[PDB]
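Take a look at this single chain, the form deposited in one PDB entry, given in structure tokens.
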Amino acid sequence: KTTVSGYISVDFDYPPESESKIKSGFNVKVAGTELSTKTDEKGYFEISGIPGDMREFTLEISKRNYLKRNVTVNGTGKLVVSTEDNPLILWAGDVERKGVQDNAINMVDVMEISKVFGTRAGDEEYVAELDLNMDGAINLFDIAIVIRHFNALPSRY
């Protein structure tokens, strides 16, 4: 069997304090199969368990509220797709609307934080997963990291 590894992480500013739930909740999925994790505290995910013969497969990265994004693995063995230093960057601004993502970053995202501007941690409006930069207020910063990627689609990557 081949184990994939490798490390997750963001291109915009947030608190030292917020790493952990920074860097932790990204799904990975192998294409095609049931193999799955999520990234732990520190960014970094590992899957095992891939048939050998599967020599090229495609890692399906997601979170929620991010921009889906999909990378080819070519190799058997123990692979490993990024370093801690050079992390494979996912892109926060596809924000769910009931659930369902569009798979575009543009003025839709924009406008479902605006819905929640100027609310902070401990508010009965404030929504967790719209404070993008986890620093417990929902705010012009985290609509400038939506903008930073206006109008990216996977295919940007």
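Numbering follows the first chain given and starts at 1. We call the rigid core whatever largest set of C-alpha positions still superposes within 1.5 Å between the two forms. What changes on going to the form deposited in another entry:
Summarising the superposition on the core between these two forms, the listed residues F57, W91, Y44, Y126 contain exactly one with a Cα shift of 2 Å or larger, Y126.
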Contents of the next structure:
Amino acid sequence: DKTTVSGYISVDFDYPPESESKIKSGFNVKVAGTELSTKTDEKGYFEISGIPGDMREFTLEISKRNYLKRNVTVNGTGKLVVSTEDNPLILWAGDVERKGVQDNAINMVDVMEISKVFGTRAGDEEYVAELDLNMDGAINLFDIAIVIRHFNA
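Could you drop in the structure for the form deposited in another entry? We only have the form deposited in one PDB entry so far.
Partners and other molecules have been left off, which leaves just the chain.
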């Protein structure tokens, strides 16, 4: 008999209501030591089935571009629910991908990468779409504030 794990992932900063579906979706969730993975939907919901029933202890690897990656340990078998829509697992934005690579720390390095793209927009040479962290159509003080809020890993 196999194990199914589900839950909700979200963020802790303010954003425009129309970006909710884009902010909550696309978090990768993977069962460590397996190729069992999924992405969150528009409400931040994820589900992974077919975990071996004998695998009573596993780790969920949660990640997204520009977010501080997170390991959540789960103990149990059968139908498991690791978080709820009201108390979701929070991931912190601000571990900025730099030439394809994040360093698992939220730092002045991250702050400066945002500062680099401050005031940029689609079509600008330096514009990076996913550094508009709150997805409001601008890279400005609020995107910098999000990084500083989380100013350590």
